[PDB]
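Student: Construct the entire structure; sequences and hints are all you get.
Read off the chains here:
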Amino acid sequence: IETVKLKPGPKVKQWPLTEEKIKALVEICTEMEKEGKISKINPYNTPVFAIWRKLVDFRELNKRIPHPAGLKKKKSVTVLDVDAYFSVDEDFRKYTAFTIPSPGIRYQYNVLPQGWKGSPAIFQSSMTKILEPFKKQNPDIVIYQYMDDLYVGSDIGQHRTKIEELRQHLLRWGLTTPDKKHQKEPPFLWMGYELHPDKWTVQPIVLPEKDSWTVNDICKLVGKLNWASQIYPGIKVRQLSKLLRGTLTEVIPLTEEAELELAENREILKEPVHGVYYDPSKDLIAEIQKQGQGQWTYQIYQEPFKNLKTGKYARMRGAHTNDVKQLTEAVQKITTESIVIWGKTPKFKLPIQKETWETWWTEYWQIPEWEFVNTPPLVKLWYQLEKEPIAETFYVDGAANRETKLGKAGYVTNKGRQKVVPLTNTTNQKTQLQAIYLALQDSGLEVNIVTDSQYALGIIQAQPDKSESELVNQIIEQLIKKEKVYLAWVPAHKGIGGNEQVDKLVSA
Amino acid sequence: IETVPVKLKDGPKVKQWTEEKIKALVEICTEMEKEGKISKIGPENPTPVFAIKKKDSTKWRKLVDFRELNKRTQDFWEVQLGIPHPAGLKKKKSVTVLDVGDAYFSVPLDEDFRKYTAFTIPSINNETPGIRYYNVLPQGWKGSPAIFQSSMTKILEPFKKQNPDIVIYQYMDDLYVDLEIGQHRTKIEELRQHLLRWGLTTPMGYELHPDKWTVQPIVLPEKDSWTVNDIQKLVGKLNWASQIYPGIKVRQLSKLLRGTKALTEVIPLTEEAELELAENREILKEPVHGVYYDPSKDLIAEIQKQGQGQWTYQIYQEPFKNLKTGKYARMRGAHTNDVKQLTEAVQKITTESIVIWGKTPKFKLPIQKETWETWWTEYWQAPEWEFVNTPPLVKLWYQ
RNA sequence: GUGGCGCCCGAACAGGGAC
Numbered sequence: 005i006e007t008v011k012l013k014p018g019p020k021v022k023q024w025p026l027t028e029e030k031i032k033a034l035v036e037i038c039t040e041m042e043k044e045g046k047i048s049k050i054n055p056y057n058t059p060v061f062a063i071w072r073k074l075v076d077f078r079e080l081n082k083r094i095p096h097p098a099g100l101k102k103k104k105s106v107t108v109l110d111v113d114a115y116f117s118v121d122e123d124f125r126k127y128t129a130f131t132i133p134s140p141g142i143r144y145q146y147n148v149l150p151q152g153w154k155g156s157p158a159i160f161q162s163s164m165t166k167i168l169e170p171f172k173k174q175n176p177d178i179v180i181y182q183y184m185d186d187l188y189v190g191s192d195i196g197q198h199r200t201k202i203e204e205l206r207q208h209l210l211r212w213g214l215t216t217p218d219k220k221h222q223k224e225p226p227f228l229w230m231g232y233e234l235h236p237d238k239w240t241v242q243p244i245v246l247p248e249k250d251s252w253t254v255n256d257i258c259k260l261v262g263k264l265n266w267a268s269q270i271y272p273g274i275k276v277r278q279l280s281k282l283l284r285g286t289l290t291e292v293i294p295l296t297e298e299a300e301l302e303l304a305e306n307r308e309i310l311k312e313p314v315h316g317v318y319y320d321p322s323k324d325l326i327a328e329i330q331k332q333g334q335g336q337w338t339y340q341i342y343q344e345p346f347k348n349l350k351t352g353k354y355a356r357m358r359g360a361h362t363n364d365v366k367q368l369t370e371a372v373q374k375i376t377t378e379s380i381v382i383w384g385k386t387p388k389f390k391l392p393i394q395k396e397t398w399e400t401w402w403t404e405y406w407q411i412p413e414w415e416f417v418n419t420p421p422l423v424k425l426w427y428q429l430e431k432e433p434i437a438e439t440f441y442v443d444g445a446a447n448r449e450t451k452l453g454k455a456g457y458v459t460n461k462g463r464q465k466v467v468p469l470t471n472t473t474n475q476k477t478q479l480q481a482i483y484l485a486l487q488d489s490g491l492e493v494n495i496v497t498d499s500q501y502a503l504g505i506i507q508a509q510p511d512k513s514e515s516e517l518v519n520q521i522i523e524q525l526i527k528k529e530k531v532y533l534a535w536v537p538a539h540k541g542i543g544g545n546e547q548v549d550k551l552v553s554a
Numbered sequence: 005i006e007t008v009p010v011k012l013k017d018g019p020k021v022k023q024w027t028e029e030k031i032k033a034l035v036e037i038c039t040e041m042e043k044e045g046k047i048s049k050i051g052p053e054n055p058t059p060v061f062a063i064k065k066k067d068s069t070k071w072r073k074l075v076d077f078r079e080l081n082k083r084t085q086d087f088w089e090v091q092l093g094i095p096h097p098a099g100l101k102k103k104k105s106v107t108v109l110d111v112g113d114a115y116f117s118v119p120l121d122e123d124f125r126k127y128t129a130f131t132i133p134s135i136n137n138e139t140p141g142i143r144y146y147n148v149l150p151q152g153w154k155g156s157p158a159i160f161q162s163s164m165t166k167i168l169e170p171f172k173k174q175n176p177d178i179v180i181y182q183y184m185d186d187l188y189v192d193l194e195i196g197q198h199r200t201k202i203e204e205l206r207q208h209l210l211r212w213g214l215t216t217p230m231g232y233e234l235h236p237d238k239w240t241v242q243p244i245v246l247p248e249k250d251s252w253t254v255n256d257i258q259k260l261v262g263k264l265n266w267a268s269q270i271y272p273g274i275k276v277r278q279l280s281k282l283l284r285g286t287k288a289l290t291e292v293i294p295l296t297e298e299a300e301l302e303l304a305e306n307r308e309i310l311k312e313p314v315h316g317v318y319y320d321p322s323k324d325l326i327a328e329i330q331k332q333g334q335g336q337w338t339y340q341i342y343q344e345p346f347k348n349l350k351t352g353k354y355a356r357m358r359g360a361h362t363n364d365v366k367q368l369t370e371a372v373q374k375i376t377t378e379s380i381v382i383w384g385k386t387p388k389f390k391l392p393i394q395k396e397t398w399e400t401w402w403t404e405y406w407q408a412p413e414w415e416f417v418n419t420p421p422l423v424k425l426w427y428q
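Which chain is which? The protein sequence lines are A and B, in order. Here the first sequence stands for residues 5 to 8, 11 to 14, 18 to 50, 54 to 63, 71 to 83, 94 to 111, 113 to 118, 121 to 134, 140 to 192, 195 to 286, 289 to 407, 411 to 434, 437 to 554, where the numbers follow PDB author numbering. Here the second sequence stands for residues 5 to 13, 17 to 24, 27 to 55, 58 to 144, 146 to 189, 192 to 217, 230 to 408, 412 to 428, where the numbers follow PDB author numbering.
Accuracy of the hints is not assured; some may be wrong.
[Unchecked claim] Below 20 Å or equal to it, Euclidean Cα-Cα: the simulated EDC-like pairs (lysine to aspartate or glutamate) are:
| # | chain 1 | residue 1 | chain 2 | residue 2 |
| --- | --- | --- | --- | --- |
| 1 | B | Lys259 | A | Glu432 |
| 2 | B | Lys201 | B | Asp110 |
| 3 | A | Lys166 | B | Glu53 |
| 4 | A | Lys101 | B | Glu344 |
| 5 | B | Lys287 | A | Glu546 |
| 6 | A | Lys220 | A | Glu203 |
| 7 | B | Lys366 | A | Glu404 |
| 8 | A | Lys166 | B | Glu138 |
| 9 | B | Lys32 | A | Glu378 |
| 10 | B | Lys424 | B | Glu248 |
| 11 | B | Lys390 | B | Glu378 |
| 12 | A | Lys154 | B | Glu344 |
| 13 | A | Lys385 | B | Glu29 |
| 14 | A | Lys385 | B | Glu138 |
| 15 | A | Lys43 | A | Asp76 |
| 16 | B | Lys281 | B | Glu291 |
| 17 | B | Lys126 | A | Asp121 |
| 18 | B | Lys104 | B | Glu138 |
| 19 | B | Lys66 | B | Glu138 |
| 20 | A | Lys249 | A | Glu308 |
| 21 | B | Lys30 | B | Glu404 |
| 22 | B | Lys287 | A | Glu432 |
| 23 | A | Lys126 | A | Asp76 |
| 24 | A | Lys263 | A | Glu224 |
| 25 | B | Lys424 | A | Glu6 |
| 26 | B | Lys366 | A | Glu169 |
| 27 | A | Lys540 | B | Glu298 |
| 28 | A | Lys173 | B | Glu40 |
| 29 | B | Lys32 | A | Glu169 |
| 30 | B | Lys32 | A | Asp320 |
| 31 | A | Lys173 | B | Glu138 |
[To be verified] Across the chosen pairs, the derived CB separations fall in these ranges:
| # | chain 1 | residue 1 | chain 2 | residue 2 | range |
| --- | --- | --- | --- | --- | --- |
| 32 | B | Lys390 | A | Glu204 | 30 to 40 Å |
| 33 | B | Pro55 | A | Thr27 | 40 to 50 Å |
| 34 | B | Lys390 | A | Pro55 | 19 to 29 Å |
| 35 | A | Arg125 | B | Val10 | 28 to 38 Å |
| 36 | A | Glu399 | B | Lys390 | 22 to 32 Å |
| 37 | B | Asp110 | A | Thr473 | 55 to 65 Å |
| 38 | B | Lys390 | A | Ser515 | 44 to 54 Å |
Quick caveat, the hints were computed from the structure, so don't treat them as lab data. Even for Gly, the Cβ is constructed at its ideal location relative to N, Cα and C.
Tutor: Structure representation (structure tokens):
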């Protein structure tokens, strides 16, 4: 009906075979004779092991997406796959053979060999070739090559008449016009999506949370629920996943805090499932809320109180970050989610003093065309990193040996305040900040400690609030409970104020 | 028509990551297909795309080139067609670039380069794709201008034959020329008409000029060391600048911080202290000694908004081997769109890089990889780049 | 006997930084 070479023939054996379709070759030969899919055979060969699809292992021959809420609500669905392959190259139109008897009857297969590494793209190219005249006649139609079936749109019985005529226009190249489309059920039964104009969503979901298991079922249910959580909001697995670090047999359950949350999470889903369709007329309104404890959520919706879709934000990295770090990350990620579903960008309506971040943004080492939509959440740092002084010019620092370095930091102060840090098996960097935190804890509210290493400055400068190392959380709390703070950074091997008197403790 | 064979030598068919950009680019693609320059064939095989909106324009201009293949095939086409790095840039008043981008698009296109003429045509939500956007001189391929070296010369012939002091150079989407600018503008008007004669087009205005750019001479930390804070910052940069300006010596600096005082301790200056202070301030403020640019050695970028919407943008290869001390300030229609502001600022400076040594090496802009990949199109003006959130070392030029 | 995509993780190359 229509079509559009070589590799950059072959010989390929198989392994012990299935006797069920053992004579399927002699029957598929006739099936393909009629649809001219194969010929009768030049040493060419690939492997074959399967059944009742008498397919072949083209692995050896190889060796030789839209969003459920990503479509409007025109009154029509069109889903139809013609097989849909053996209906449309010569060096490759003969080498596809196979056999495993007890003449090794192989022959010259010559039609689309579903399974060749790349055939899907050719199927899509022809899919598009068929759609080309469809848009020529009525480009008002929407088509999606989600699968080898159709996702068509034409807003009905009247529209269905013209739709049948098109299905028949497909029949020209030997395409199907079957009266058996999945029109009856909007829910896309296939490929796990409870589709419906009125409401879009994933259809498949369950969670057997009864026994105490934590091996693989936990990973499966966390990733499934979250990957499915597109429009299932009220769930989080940052904690739950953060503890499962490279396990598939370790049976050790989670905390009761996370577990408790999990219970709620499970229960919430029970609530009805209705994700909204796409809205071309108007854009969406977006609010992102921190789920507490680094946790963060976001909704993308054009209907207020009718959340069209949801999203999360817990993508962290590096050592320390801030609410603004999560915010920026989440914004980029939601932006891309928007570009994938709609293309536009929803109203970034969340609770921040924009001036306050503005100063943040001009603080950081970092395009949120947004608004400061107020809401109870608290999106802000809790430390103010000044650019001027107030603070007895502390002299914290410390060196050690490359071998082990056995922690053991120390710190002095221009008023006489000296403090050591016998850190057991600690590194120079770690101990520097730990000893400084210790100097900070007894410090007044106005406390400026001049650092002696880059790492410390690097982090402090970036207004770190979250904390994975308890020492970091400790300084976070100290910085919040403090008001006047001035931070400085300096090298060694130079000598100023007090820095050698301090650095004379590398070992002892 | 006429053309010549390949000078090829990579195959990274990857192209790029807007519903309106895709609803507006299709227009140019269809226009070109109507005339016929780019084929719509994308199913068979396994290049980058961009849209732009700059000064003096209303539509969205198509954008296409592949740095991976470009650089891969740079050797032969560029070496066989090498510029004598015409350094006649200082002695001028202004220069414009070639708005025309289809004069070379009228050449007898190539075919063998179709397998290396990759393109792309994405689909919203993986739903509505296009096969593909093709041939020689599509929209770029620097070597391609070199292949239009004969066209550029054919044109420079009468142009410079009219204006001897009017020197004619070529650039990707740009030509390169302190006489009266008005005469520069007429020269361009007459060259636009000339092009018209032999079927060429010329699709306000910036018209970059040499007389404006300069070398920002870095300044001192403070007038005096009243406070150890100021002197500490000063010495910190001296020590780190030592890799560039080695004259920084602490034979007495450390001893200068005589007592173990505090950050803001009031401080006058002595004789040797103030003497060394003046000596080295001038020292650094001296010219750039031993730094000389060689187009054979590539360069590197260092861009940062320097806080308040300003910009600290350099161009240098070796550590502390600064070839250009450029800066940036006053982003019009900016000062609150940080990304954009430095995008345009850094584009500008790219041009200054090109005039300093010819090229514009990869950048290390500070935007989040996501942020840059998500807002480079919004204000795309003119490559492969990295990312830094680095500490203060450029904080030695001024404030 | 296998793979597409996805997902949970791991390993790893490169680069930078620090000692």
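Student: Within a Cα-Cα threshold of 20 Å, do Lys32(B) and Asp320(A) meet the stated pairing?
Tutor: Roughly 17 Å separates the two Cα atoms, so the pair holds.
Student: Next pair to validate is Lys173(A) with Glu138(B); report whether the Cα-Cα distance is within 20 Å.
Tutor: 18 Å, holds
Student: Need the status of pair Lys540(A), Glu298(B): alpha-carbon distance at most 20 Å?
Tutor: Roughly 18 Å separates the two Cα atoms, so the pair holds.
Student: Measuring from beta carbon to beta carbon, are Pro55(B) and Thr27(A) in 40 to 50 Å?
Tutor: Once the Cβ atoms are compared, 33 Å apart, the range 40 to 50 Å for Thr27(A) and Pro55(B) is violated.
Student: Sort out whether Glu6(A) lies within 20 Å of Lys424(B), counting only the CA atoms.
Tutor: Distance ~66 Å between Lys424(B) and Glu6(A) Cα, so the pair is violated.
Student: Verify the proposed pairing of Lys32(B) with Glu378(A), using a straight-line Cα cut of 20 Å.
Tutor: Measuring from Cα to Cα gives roughly 19 Å; hence the hint holds.
Student: Keeping to a limit of 20 Å between CA atoms, is the pair of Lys32(B) and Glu169(A) held or broken?
Tutor: 17 Å, holds
Student: Quickly compare the C-alpha distance for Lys366(B) and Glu169(A) to 20 Å and report which way the hint goes.
Tutor: Between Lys366(B) and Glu169(A) the Cα gap is close to 39 Å, so the pair fails against 20 Å, i.e. violated.
Student: Given the hint that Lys66(B) pairs with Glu138(B), does the C-alpha gap stay at or below 20 Å?
Tutor: 34 Å, violated
Student: Regarding the pair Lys166(A) and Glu53(B), is the alpha-carbon distance no greater than 20 Å?
Tutor: Given that 20 Å is the threshold and the Cα spacing comes to 13 Å, the pair holds.
Student: What's the verdict on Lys385(A) and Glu138(B), does the C-alpha distance respect the 20 Å limit or exceed it?
Tutor: Measuring from Cα to Cα gives roughly 16 Å; hence the hint holds.
Student: Hint check: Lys424(B) vs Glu248(B), CA-CA at most 20 Å. Holds or violated?
Tutor: Within the cut-off at roughly 13 Å; holds.
Hints 4, 12, 15, 18, 19, 24, 25, 26, 32, 33, 34, 38, counting from the list given before, are not met by this structure.
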